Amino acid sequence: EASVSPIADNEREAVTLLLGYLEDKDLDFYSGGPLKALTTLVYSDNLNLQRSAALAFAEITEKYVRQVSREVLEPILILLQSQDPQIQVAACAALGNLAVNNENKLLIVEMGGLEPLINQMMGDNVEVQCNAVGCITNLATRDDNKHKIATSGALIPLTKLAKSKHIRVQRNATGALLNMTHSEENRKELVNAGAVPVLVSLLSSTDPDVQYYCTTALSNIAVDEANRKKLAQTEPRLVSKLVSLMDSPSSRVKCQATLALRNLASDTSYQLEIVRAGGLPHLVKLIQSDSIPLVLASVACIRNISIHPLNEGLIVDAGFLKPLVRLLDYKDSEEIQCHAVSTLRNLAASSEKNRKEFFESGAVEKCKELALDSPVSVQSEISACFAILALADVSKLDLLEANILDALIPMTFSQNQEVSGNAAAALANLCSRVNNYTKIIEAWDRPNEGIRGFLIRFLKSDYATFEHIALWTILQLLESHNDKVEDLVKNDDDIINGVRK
């Protein structure tokens, strides 16, 4: 007995044909004779003949990566379902080879190739896990496939494999999970699949790639309000782990941890918690770094943190004022400059209590210098900060002595309503209820038609708000009880006619 009968006639011919094909040093394996021979073996009930085809597929695809037919992929996807580990390894290697091609990435998923891969990842053979998770990451490079991977049920095996002790497996699993964070729907699927606890624990990973992938994935996840809510509810260790990663020896990891904190800084509770967790000393160092990425991330994150009024005192105490002003020297980075000015405006708007150190920082003079030779977005931030500063009666004269009118008057000429309107409002408040009009009088006809020209121009404006600012400014001057100031208005025919007509 012992299988007295031999191999089938058609399978013997397939064996001989395929061996001859593989021995030839030339040959299209994906179309005719070679493909028919391979398919015959992949249909044999002899396991060794199936191993021969799976091994041949892997060798062929490792040397011939082309766009293939369904007739090439069907036998491979059959072999993926084998109970035989050797057949599974080779067949997955072959599919992984073919999946580096872009068109193959689509046809494989369209044919249900994601099914066999998911189950192989749930198995216990580390080599099949590795080839399957690599084929999965390779398929996910195309955005068309990402959503259906996210809903296929594959995030569960990717989450399990992210906990694997083999670093090849773990890097690929976390890399794949990272690839699923580029859309809100995909981030939602990945959160719903339970991957957040795993990503957070792997922030502690000793491999630099793994902790980079998981830091970047959590940062992307934190971009959605609904995910920040669940993070705050189920991940108490998240902020401390990210703060610790701001000490990473890798600039790449330090940058992504800071970007994650910035995203989680959108919610008031995280703006406080990051401060409570000790984030301020790291950020004040990072904004002084020479690494452009480090500065971009840290200034964006302190800007978000400074939105919270209860953080103003601690931010000033941590010494942010002078380093923030030095950031205005990045005259080629609009993003750095706007974030720095916006941070300073937030601090000025929260409290007047540190206004003295605000002035000693050089912030007013530096903003004055940028006001005219900076982009309009930077102009928008500076003019708004000036408008905020001009509200406090306690610092109005200090602002005027600093010659702030030399910046404000030119800005009222701007074609951008934000710049012009912010500067007009600042000017109006500076004329209100001050007890020294020396600087106002000096600026009457001084830089850019001084104040007189500003009133005449805004009295004519088609914008009802701009006209109102001029009329209200004139009333401030008329109420100054300064004989000279009142005469500047009351003895000016051009201002009188602008008011009347």
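Positions refer to the first chain, counted from 1. Under this definition, the rigid core comprises the largest set of C-alpha atoms superposing within 1.5 Å between the forms. Compared with the form deposited in another entry:
The only C-alpha among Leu389, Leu98, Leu218, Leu264 that moves by 2 Å or more between the two forms, given a superposition on the rigid core, is that of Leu98. In a rigid-core overlay of the protein, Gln88 has its C-alpha displaced by at least 2 Å between the two forms. The two forms, fitted on the rigid core, differ between the two forms by less than 2 Å at the CA of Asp445. Once both forms are fitted on their rigid core, the CA atom of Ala58 lies 2 Å or more apart between the two forms.
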Given for the second form:
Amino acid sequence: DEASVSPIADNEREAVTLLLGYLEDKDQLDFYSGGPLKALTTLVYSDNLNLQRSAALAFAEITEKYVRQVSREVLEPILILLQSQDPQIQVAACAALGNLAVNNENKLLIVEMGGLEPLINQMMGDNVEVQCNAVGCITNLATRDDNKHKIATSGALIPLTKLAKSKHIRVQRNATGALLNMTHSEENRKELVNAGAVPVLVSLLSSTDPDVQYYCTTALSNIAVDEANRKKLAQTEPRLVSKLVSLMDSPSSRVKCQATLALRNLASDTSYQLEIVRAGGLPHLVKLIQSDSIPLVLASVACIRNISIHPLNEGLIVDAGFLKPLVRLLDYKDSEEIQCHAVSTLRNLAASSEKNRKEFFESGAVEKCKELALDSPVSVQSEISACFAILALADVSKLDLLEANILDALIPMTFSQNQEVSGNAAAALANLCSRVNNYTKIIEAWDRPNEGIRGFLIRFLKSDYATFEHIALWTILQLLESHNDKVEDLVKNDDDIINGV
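Mind giving me the form deposited in another entry, seeing as the form deposited in one PDB entry was just shown?
Nothing else is written out below except the one chain.
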């Protein structure tokens, strides 16, 4: 001024001394407003590199400490620090921006103020720390649904794909994390596929890093949701199935689970329904449905439910010993989904071929089904109903089913208000009465239990469902053409014949 001179302007000395005053009483004072904010702003605008650095470190430590929603004016200076050429300023400023980007509103506010291009150009510089931090920012910003569209259509997927291959593990973690967060919507997945990041992920399923391989597994699992993606992946990278199968035995459990789910998503299509079995995933799954951890059980039984759709797999599936663990899973009462998956699996297995039927029966499947045929959710009831409908079409199995007192389960199910349950149960009952050598159990179940077959016929004759009236009539004719006197005079009751209208 007049007595002395310094290299630093007086407003900035003001700022620095005030800042010193604040940094040792963080408790008491809010930093995203007022005094602290004007200090930091002044220090951002300054000529002096050291003061800028000081501001950046300040911002970084503050944002590290606590995260709240902040105004325009908290963000502008950090965005200006981002424009700096000083490496450590870049580091601190990015870290601060990400710590702020933890909070949801701040994500939208940051992206809307145009932070994307700074972050992107930071990522294309070859200082590793700023790569890690800037990519990290993109990662945290890509967790808001509003943003990921705008992030995708900005060209960030290209440096993300690039940096996902980094020899530095921190960078790779943040990068693959971002790529993962870009797989929550269909169009983001489309954009992600276009950038050619799929071969990178597929390759990085072999990463020894837990975080990286988990992120890539989850990302691929999320991509497999779309059918076009599934086809294109079946064409492009054939090795995927194998790698996922091997990942079903990973050190980390979340990886086993997510990989199993990815295999389910893939198993939605038939080519994969076969190729998973070729890759020898049946052992891992057998081990997994018998496991303790119920998410693994859920994933594995959903997966096997999808795989069992293809008939050609059937034998393999039975020869791998799946039946009794599945029947065991039927006892699980607390998870409706596991029940549904297991019973649906059984339905698939039975519906496919009539060859390993013997093994199916020997598994104790039918008795468990009979046991749950009334005490179970309508879902399970429905699948059990379909299953019975399937089994009652094997002429050689008819008398055995009848002998196992299957009518005691079928007859009440025909009261169910669910079209599938009642319908298929009635069809099964009808086909059990058709052309059997012995009508004993049919006779014994004429009135008992639950009003018996007589009650059944009487009711379904008066249904409006044309098909039901017809299965009633057809049942009657199948009983008349039974060449068994007793039953033919059981039809002498003409409740049936004046209602046979």
